[PDB]
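Take a look at this single chain in structure tokens; it is the form solved without this ligand.
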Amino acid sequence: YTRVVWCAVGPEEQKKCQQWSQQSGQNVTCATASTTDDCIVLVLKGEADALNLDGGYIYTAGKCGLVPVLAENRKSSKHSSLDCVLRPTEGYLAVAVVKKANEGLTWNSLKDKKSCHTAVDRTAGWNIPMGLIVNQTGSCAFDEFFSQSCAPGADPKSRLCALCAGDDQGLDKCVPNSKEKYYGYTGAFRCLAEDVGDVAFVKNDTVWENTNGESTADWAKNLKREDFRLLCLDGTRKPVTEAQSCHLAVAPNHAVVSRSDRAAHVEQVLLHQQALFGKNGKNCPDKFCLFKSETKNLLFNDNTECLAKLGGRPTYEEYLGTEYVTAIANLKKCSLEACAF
């Protein structure tokens, strides 16, 4: 038992982590890096213990020997009497979203159009859709498929960063942290919402949490579901209500990882942390709520009900599942057995 050092990605996560730190009596402390990759490195080194990660990063981290510990769990309909911490995770739907007004734009006419990605190496924003495109075009030149994009994490001076905007001042353009205006699920959807891009690769949930009054953000308060369409892989367009029948894939939930030798320890502390600041926790919303950051998805997704135990002590390949791991492998041949660091 003891203190857990969390790794925050960028200045906004840092500010929230510090709040969490103060409220916890320093039972959790904070380290900060500029990218998710740097955070993986801090954990490897032992300078940080844990962070929450999208599936695409669970993959990077796993080659380097880090393990899944607890997974994000959101509101469910199947598997009903079980307590949240013990309910199995559902996964989320990776979808491609466009404006209704942009008529005649289908999966089969995406070439040379403008795109919005959560960030390079992420599941819904990059791995799935780009894996799909490489496989469909028989080419590895996925950097030449779209005319312009905002793909946080690519080369700032490449076309994959042409549509990114940086921070309030124009700095940090295309950085894969929340300082970049078009970063993450929310940033990518905003990129489409403001007609900077033609299509956004996000998840089912993002469309719903940022339309019809669900978000009071300047850019989203007037957004309406009917104004959006999902691009299905059979060439059709469907309303956002039909995501169960019109998605690119189902993604494994974001999860907390740590070095294997710290797993038990990290797990113990966080379960107690969530009993205090989680969905129905003792001090939320009284003093501090771990799963809220006003639609910004800082440290955790805002729609998380709880962090769930992984039943069955998964390796990272089992957590991701065989379907998703094959996809990432085949796509990374474009740009076997080794840790990136």
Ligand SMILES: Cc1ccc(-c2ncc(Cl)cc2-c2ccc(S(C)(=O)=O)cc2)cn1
The other form holds:
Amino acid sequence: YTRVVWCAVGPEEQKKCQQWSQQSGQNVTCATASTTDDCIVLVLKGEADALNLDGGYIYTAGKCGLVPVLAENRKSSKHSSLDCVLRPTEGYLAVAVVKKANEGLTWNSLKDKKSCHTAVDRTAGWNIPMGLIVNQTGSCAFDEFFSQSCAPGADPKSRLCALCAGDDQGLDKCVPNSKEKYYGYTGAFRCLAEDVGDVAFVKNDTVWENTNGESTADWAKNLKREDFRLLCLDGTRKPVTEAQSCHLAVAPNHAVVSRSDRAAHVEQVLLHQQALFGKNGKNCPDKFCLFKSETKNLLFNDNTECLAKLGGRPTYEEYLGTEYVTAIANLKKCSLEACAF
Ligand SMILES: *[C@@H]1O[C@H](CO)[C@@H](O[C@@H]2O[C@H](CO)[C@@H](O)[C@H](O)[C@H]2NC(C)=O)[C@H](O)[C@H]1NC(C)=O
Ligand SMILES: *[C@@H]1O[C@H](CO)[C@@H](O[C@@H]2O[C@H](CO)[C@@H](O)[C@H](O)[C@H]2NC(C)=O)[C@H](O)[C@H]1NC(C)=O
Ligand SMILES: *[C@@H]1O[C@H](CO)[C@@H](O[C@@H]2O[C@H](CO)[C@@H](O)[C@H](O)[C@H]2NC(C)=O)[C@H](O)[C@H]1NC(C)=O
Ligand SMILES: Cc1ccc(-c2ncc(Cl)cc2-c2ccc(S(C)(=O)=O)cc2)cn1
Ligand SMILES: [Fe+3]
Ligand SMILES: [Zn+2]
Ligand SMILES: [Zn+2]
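Next block, the form solved in complex with this ligand, ref. the form solved without this ligand:
Let's see the whole complex now, leading with the same chain.
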């Protein structure tokens, strides 16, 4: 009744969710799916209530009648007086990242290189960079641009999955969930850091969180910020300190979506949940922290300060902005107004 079913994507998000369910006294319970698209389907069927989604997926869900409820809000030097829950969201920077030692690799020489993407249909990892690449080459053959890639969610037999590694045992190669070694912001950046690919399409924060001792994960332990360069659209290379002037776009934050008819109830429960397990929650350090999962970004990104109310009660279109929405529509016509399911 006053109970929310969260939808977890893959085994590890399932495990974190079960802990949260336990700690919440069953105020929250868990449904699990293998993919984000399958979680969207459970929500439409009314078998789950909610999940936190990247902007590219909000666009998928929004066409199907799902609505943004609360957005991820990270720390900011601006609006610093305003409480996190009421502070406007700032958006993240989509960047292209290379090794400094890979000299003379720039935006203009990306053709036939190796690429690392968060997953197909995601903002920084797919929609922004490929949309730019389609526009620039005047071609929809984006599956032919890079020699090899890890792009979780693409056909496991295509070059777009050639670089993906799967799990501990080599199973689940290229699945769009965290069982895939090179899935997500962290996975894509690991793909570049291990020199599997030449370029990673991630966000600004990913580089900072996985370098200079911020991680302690074995692959990231010894990574230094100075060994990385951002690719800018003017053909130039800059230090990772210069992302404000060398990004591909600003992305709308990840947000919680639900069926319109459930939005009010999902909102109320979630606000109470973060009071308990959020950043300064009554139980977070002590019993359970919603926004931690040791660099793995499970259910929520680890850099989330809070979930913020929206303001202007936006539709999914207003939430994403006319900039981003036209970008996705233009790319989607390479792959007609309907829910995909
Ligand atoms: C699970 O949900 C119930 C119902 O919302 C919570 O009980 C409320 O808790 C607040 C403060 O935390 C009390 O002041 C109210 O009297 C309760 N309201 C109702 C409607 O019973 C309960 O706290 C939640 N449990 C957990 C662990 O999250
Ligand atoms: C790129 O991302 C990093 C990491 O999120 C940002 O650096 C953080 O900035 C906040 C202040 O806004 C600091 O309190 C944190 O300590 C910083 N994080 C780390 C780990 O150093 C940085 O601002 C981002 N760059 C831009 C231009 O947005
Ligand atoms: C790729 O090209 C298309 C076509 O120009 C871009 O779509 C235009 O975007 C601008 C700015 O939002 C609008 O003023 C135009 O109305 C759009 N035209 C169309 C056909 O819708 C699209 O934004 C480009 N993709 C990327 C990622 O930059
Ligand atoms: C968080 C958020 C709120 C609103 C919007 C938005 N909704 C509609 C339209 Cl037409 C545009 C935008 C919008 C697009 C880009 C930028 S910027 C300058 O890159 O920060 C700001 C706002 C985009 N993001
Ligand atoms: Fe994203
Ligand atoms: Zn910009
Ligand atoms: Zn409106």
